[PDB]
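One chain comes next, on its own, written out as structure tokens in the form deposited without adenosine-5'-diphosphate.
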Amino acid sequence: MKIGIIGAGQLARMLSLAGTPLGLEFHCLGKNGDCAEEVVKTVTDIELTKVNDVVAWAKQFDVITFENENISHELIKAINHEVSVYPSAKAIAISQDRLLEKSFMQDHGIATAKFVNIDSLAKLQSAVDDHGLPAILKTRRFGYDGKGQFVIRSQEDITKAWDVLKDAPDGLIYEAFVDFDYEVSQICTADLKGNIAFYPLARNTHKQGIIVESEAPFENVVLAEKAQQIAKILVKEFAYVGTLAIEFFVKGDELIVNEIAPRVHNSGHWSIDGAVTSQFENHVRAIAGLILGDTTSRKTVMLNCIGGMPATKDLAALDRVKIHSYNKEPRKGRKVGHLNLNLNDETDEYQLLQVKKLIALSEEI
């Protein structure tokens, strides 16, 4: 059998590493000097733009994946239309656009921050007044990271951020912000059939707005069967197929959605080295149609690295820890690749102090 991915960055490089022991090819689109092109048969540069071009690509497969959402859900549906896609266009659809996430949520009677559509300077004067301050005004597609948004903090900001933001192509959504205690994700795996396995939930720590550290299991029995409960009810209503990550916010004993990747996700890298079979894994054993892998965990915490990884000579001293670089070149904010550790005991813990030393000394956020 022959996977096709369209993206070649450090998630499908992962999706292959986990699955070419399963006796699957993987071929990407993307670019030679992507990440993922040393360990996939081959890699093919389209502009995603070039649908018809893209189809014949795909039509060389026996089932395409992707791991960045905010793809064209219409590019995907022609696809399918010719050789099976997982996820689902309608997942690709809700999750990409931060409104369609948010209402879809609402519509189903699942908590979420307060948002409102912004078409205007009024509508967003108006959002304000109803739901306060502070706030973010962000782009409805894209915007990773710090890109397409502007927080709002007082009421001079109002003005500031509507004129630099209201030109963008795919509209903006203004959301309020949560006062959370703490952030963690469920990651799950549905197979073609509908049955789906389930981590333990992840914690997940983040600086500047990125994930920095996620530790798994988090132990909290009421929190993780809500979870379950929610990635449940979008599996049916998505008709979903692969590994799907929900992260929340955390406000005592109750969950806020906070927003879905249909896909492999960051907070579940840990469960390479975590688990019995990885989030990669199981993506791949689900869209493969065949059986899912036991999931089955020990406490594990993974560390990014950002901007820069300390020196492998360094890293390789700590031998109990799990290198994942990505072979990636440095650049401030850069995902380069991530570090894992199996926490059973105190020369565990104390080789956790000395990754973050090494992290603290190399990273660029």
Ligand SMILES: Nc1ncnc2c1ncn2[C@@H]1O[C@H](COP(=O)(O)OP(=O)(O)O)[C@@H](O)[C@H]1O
The other form holds:
There are 2 protein chains.
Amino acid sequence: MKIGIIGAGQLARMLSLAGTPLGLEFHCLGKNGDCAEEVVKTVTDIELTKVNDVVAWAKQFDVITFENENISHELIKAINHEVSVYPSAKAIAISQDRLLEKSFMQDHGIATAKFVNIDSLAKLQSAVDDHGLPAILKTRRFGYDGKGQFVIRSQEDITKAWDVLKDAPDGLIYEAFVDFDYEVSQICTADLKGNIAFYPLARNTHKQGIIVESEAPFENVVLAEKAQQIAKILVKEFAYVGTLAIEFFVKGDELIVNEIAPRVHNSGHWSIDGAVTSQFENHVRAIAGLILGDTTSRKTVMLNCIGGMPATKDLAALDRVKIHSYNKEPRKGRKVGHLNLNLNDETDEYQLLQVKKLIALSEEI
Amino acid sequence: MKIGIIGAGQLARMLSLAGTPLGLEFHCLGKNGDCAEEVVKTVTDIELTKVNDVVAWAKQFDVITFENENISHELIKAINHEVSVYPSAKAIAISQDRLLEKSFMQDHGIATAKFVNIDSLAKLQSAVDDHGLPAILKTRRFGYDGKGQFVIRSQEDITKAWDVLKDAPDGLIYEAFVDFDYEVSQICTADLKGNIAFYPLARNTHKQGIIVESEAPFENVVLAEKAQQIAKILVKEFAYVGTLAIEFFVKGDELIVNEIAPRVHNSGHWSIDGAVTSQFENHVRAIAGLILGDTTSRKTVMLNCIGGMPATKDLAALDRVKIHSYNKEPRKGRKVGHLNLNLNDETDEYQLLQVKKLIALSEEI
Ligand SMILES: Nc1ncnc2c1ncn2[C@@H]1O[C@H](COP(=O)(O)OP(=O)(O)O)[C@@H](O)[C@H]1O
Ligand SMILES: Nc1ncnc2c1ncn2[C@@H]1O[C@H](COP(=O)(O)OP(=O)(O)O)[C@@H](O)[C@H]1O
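Given the form deposited without adenosine-5'-diphosphate above, what does the protein look like in the form deposited with adenosine-5'-diphosphate bound?
Up next: the whole complex, starting with the chain shown before.
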């Protein structure tokens, strides 16, 4: 069976690394030199605006998936008409737009931050009057790792935020600042029949809008049950197939949905070395019509390499650390790799302190 | 760093799968369509007899290794003159010839089967007179999985074995039949400085000359210490760098060396899902000048897929089995994949019985 992936980034790279031992053949749509090229059969550079050429490319394979949900859902709708695409176009359209995303949660009694669609300066002032400060003005589409946003701390920032983002295509959205204690994420995989394989919750640490550390399992039976019930709602309403990610705010014993990602997620990279079946192999198993793998997990921490990465010779000296270099070009703010480590004894805690000092010397956010 | 591998088979395929997350770039010498092609950067088809063209190919990369020890050690000697090759040419020359292999063991007080070089029919009769029957006449070079041999059960088989193999290039060798209870293998990795990372012993099961099942760890402190001391001798005498494999016969509490393989070995495929660092990643770490990874292991069984492989849909139903299809063309006697499974509880034993019944329906030896 041949699997086509829209995008040739690190997520497609690790999808192929996990799925290739299953006997599957992988092909990517992307530019030559992208980090997935050396682990996939072919890479084809086609502008996504040429819908007919993308469909003709997709029809060479048995199933299509994607690594970036910001692509046109009409393109996915056109591809899915002739070759199956997972997950669905409905999951893309709702996930790629913050307004539609939070409107969906509200329509299903799922708690999120207070949000208002922003289409004028007066609409922004009314949202600040109703739901207070601090707050954040975000673009509805595109923008990642905090880019394309303006935090409103005072009344003077209202007109400044509007001036920057007023002409952003596809609109803006107001978000009230959430009083939360910490952040967790729920990652799961749904097969063709709707069966869901759940991973334990992962507590995630952000640094300037980017995720830098993820630790699993996060033990909380109350929060885990509510997160799974939220995931079951999304899987059913989306007719979802593949790996799904939901990021939460935690305030007390109550969960607040931040955003969802209809794909394998950064907060699940721990599962490569922490679970019997990683989020990547199970996403591959899901879209290929296979039964999902067992997801029994052990305590492990993931550390992101942003901007730069410690020397492989320095990382290899900590012989328990599992190295996952993406072979990407180093650039400030860019995710170039991550590091996993099972935490069992004090030797694990010792190597964990040394690898964090290495990251601090190479990290550029 | 760029790593060149002579050969593009399943061993090179899994070397690249294990080393690519380390940030390393892999290139193979082999035919297009070999199963390592889709996971390596490039594959180049060069006849190994064209020594100058192979050296020019190898000089594009930072270090060279190989997956088949039956290649010319003079070729490796020529390549190593201009770009480092691991393991050494001395390890190749001794391992690739059964006579030189057993003569080496005898020169270091290492027990093997009784062996005599065979260069005439009278020499074979004298070996049978001295060391009895049953016995096996083998080619010194080439021939694998039992091919190119003739078992001598009676006096009538002496002239029959000689007639078949007399004109075999590079000679023949007599071997006395070993009275052994079972078979184990010792796999280890030596870095550039001579440090050895040891894996636990693996008990291996053969079926008609081919290995079909490997289980680790095999608990025997007495046999394990002797196997490690034998490995240390080979690593030092060979100036060895990389993963090394030694297969033993076991009769009581004493080890009898069967053969050695200067490479990653079939009896170590369990380490992909059983060890913190598999034999493949550690072979890559060794030749790349990196510090080896921790080799803490858990109980796991490997089952070989020979001739055919069970349907991926059938294998995926046993969600704890780790699937390793080589994406090779099915043919009687050919290794097309293997399956690993951690053994912890009775659910593991249950899925183990079901996967063995699947293999019996697809296996063709
Ligand atoms: N409404 C909010 N209230 C408080 N913090 C927020 C809010 N929205 C985002 N954040 C912060 O930003 C991080 C996530 O950024 P996000 O909005 O997901 O960026 P993007 O969606 O562009 O990837 C979170 O870890 C959180 O700390
Ligand atoms: N001298 C011997 N005595 C008993 N059994 C042997 C002997 N040599 C090989 N065998 C059998 O053959 C198997 C290994 O085959 P081998 O000789 O290694 O083939 P090749 O070297 O061509 O791969 C072993 O599992 C063992 O059962």
